[PDB]
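Guided by the hints, dock chains H, G, J, K and L onto chain I, whose structure is given.
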Amino acid sequence: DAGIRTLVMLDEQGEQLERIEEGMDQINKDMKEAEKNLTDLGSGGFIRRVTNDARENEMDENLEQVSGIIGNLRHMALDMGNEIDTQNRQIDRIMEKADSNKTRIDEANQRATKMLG
Amino acid sequence: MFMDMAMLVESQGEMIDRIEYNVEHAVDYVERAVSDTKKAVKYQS
Amino acid sequence: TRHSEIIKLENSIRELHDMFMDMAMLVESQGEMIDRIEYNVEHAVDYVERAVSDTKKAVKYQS
Amino acid sequence: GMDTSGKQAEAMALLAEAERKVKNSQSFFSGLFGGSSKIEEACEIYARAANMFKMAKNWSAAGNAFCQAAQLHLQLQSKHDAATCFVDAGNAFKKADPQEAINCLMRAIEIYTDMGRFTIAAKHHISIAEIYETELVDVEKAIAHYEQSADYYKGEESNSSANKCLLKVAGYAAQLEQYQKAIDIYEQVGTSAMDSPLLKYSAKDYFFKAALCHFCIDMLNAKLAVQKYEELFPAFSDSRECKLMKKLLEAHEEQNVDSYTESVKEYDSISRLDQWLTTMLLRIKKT
Amino acid sequence: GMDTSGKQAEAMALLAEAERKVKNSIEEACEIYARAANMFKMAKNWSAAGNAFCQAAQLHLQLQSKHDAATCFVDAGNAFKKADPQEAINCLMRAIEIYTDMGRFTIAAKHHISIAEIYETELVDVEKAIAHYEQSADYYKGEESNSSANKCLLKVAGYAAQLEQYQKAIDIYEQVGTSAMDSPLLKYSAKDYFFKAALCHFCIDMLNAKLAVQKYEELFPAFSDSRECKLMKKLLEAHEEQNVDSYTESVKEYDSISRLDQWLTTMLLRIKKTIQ
Amino acid sequence: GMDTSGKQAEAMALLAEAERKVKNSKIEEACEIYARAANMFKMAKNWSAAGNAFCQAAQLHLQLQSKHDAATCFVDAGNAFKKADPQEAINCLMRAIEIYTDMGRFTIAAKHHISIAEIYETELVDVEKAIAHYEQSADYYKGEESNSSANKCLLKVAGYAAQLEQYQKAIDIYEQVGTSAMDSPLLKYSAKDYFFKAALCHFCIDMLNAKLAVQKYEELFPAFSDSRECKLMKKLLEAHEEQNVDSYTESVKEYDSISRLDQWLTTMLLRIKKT
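Protein chains in written order, with PDB author numbering: chain I, 41 to 82, 130 to 204; chain H, 215 to 259; chain G, 197 to 259; chain J, 0 to 286; chain K, 0 to 24, 38 to 288; chain L, 0 to 23, 36 to 286.
For reference, chain I alone in the conformation it holds in the complex:
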């Protein structure tokens, strides 16, 4: 259950990351256009049967069940894996943009104060 909940939450986080990346791209485009305009303004068993007996059955059965579940987990794990990797790259890619944007505004404001006098 914890595995499944983690998977779904990761999916939601990825969608949110894509949304914020789109927002950042829009911010950059709009700000650049605005600045330019303003400038233009100017398996058989698991235990030995030492004594047979009912106790030896369920134990074996239990082990068998365990094996099954573990198999599933493997796939789950690996699947979930891919997700985070992509996210990593995506996150980094926004930062640069934002940073660049920030820098621009500062210089823009500086210019807006240097042309006046």
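FYI, nobody ran anything at the bench for these hints, they're computed from the structure.
Computed list of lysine to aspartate or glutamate pairs in DMTMM-like fashion (alpha-carbon distance at most 25 Å, straight line):
id, chain 1, residue 1, chain 2, residue 2
1, K, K199, I, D41
2, J, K37, G, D242
3, J, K94, K, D150
4, K, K122, L, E156
5, K, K122, G, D231
6, I, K184, L, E156
7, K, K93, L, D150
8, L, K93, L, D137
9, J, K94, K, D194
10, H, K253, I, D80
11, K, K264, L, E229
12, J, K163, I, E62
13, L, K227, K, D267
14, K, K199, J, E134
For chains H, G, J, K and L alone, coordinates are given in the frame of chain I:
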């Protein structure tokens, strides 16, 4: 160990939501400023 | 048949363990990065708002 | 400690000074036409006083100051800052008195949706629904708010979030003894999530719920229902839910309440049952 | 190498230039101070970089600027972190004051967490760490960040049980466990917290622990099926007979099945010592 | 292929017309048109010529009044030369790193340091040189409090030093990183592994002190006892006390049956066992 992973994932998610909210505010204000600058430039010119 | 099945189970367990190693480390790094970017964007928005407010007040003073 | 009394006294003095400033603002405007500098400064005092009251653990005073600032700045034709201050007041109200927060958030939602900002309106609607759920048991208003938020999210093409709202709506509707909507929502969500890579593993669960919500109507339409799922999603047969359903059907077909109860006990012992599932199983057992 | 002497000489030259510029009487002076401090940091001269940073922060604050002033104050504080722990606390307190005044309570909570961490790791003090953690938890709870508040409260309760009266530990553990019981994802861990609380009741008297465990079993049925409940019942039964042998046998068996945190070890040792 | 010839012709034409335009205020237009020509050359996939033109445009931008654009163009030129003469790319990336450090952005400087170390280690055989850049990047990251990157760089340099037969640096770094990981509430499960590695290195000095080292690790970290690495190490040391080749071979085979051993572990194991 799985139990350990869960909380980290949750915290990262909530932080993502907060940053998203901030981005929406920023873009809205930028668009409004663009509209105001357009008005000023077109009418003054 | 014993050795095959038991070693197979152990191998599966080890595979899961190693995956979780790598990706717990990855998620920790990602958390640090997100922590940085949040403050970055907050400062950016605050400064742009402040500068544009200066612009409004100056232009209204001149006109 | 000293914090309580000191913060209360200083905040009260600052708020009284702000009151005097706003009283003198009208005279200043009449005599000289100073503009809005006095009003903006008074709004700054109000915001600072609200924040100080918030640090002073006096939520009501912070909410009142936020409301005063929001009203004054709305009078200044600035709807955005008014909405922001009203959101802060609503949180303080949800943190002081919730009834006021309801109308504050409604006003903020109206102001935001006037400009077409649907995402913020949906988030505020979700917050209002949560407020209703936590204290009161007035389910109907929560369902209405959740439906509105889900509609907005679907209209924004933001999938995987409207799904959760619809799941909440269906789960709460199934409580009121109205099963058709729950069945429809559960089957739709399950078939939608079947094809997703990550969500696929969860899909099975949804089906089970529908089956339980389909069992109350009549047993005959439950059996058939299971078939319809198994042919579409063969892997469903592997999950424990199918075996549990078949055993429960076999036990009920002959009025064997004891076998049904024993199977339920065993399944609960292996994994603890949820209150929703416990209640629904009890309801089914009544027959 | 050339780095040490060259960067030190250039930093001194830039400091002298900024001092002369202010002597003429201004933003250029602040920029020169910032560049000199950056080069000092690059030179590994950790000390005296925070001094230049604080000078720049004061000069910038002189002209009503507050954001960059707070950022540079935090920069100086973290720079002094390793060279001089004491001054970092004061710089971070100043930054916290400014940020809380302006209302960015999340930043104040993060700085409080950092202050508590530095206090507990390098210097030796528990009361100040407890106070800072409680303040940060209060801020986060006011900001409805439940997970961080839970973490801070858990740490505070752990330290209070380590030294302070166990009442605080009982309260915090009970509240956290009750809150976590209803949560879907977190419910599975709830048992743990409850167990801890019960142990803290043992340190006072056996009857209080018995009543508390009965109440917890009534509240949380699954606690009855937990191995912790069986271990507690067996330990209390052994203690009621003043038989250290059964106590030791049960403790050793439970340790054999699962390793100990070294917290439970301390509580068990304390309880065993007082068996008499 | 038609595409390569067509794109090469288009890029050459654009660069030639850009040169003519600049030869004819003018600095900004020249820089922009040269940047466009460099982009078209990059899409033409002539890596060497495209990188040369791009670095020329970077220098021309340096002639223009701007720093951020200069650093961006320098890093792009370094990436373009990544598949060309390594020396020019290294020089350009070093200049970009110097500019970034001058701007106080130590994190990007550390990233570029790691990148240049990677290209140096993978392309050429000189390993010691990459050690300096890795250590500098680790120092920068540690100064910036990014513990994860510092740990990664320290692990890489420690492994390379262990390969270089300087066991002292490797053991120091491994012990420090392992104890730091054990202290941290997270990553604790990995700590065991580090300890094991240290033991192997310490064996290359002598065998008798290895017993003391493993006992010290045991008393410092009790859980290490239950790890199969501890059992394997103690069994190998006990077997080596008698000069029999079968025992340690059988032990390593039994361990290998579960998980395949890596190249680094295998080479050090062969080195220890053969003598």
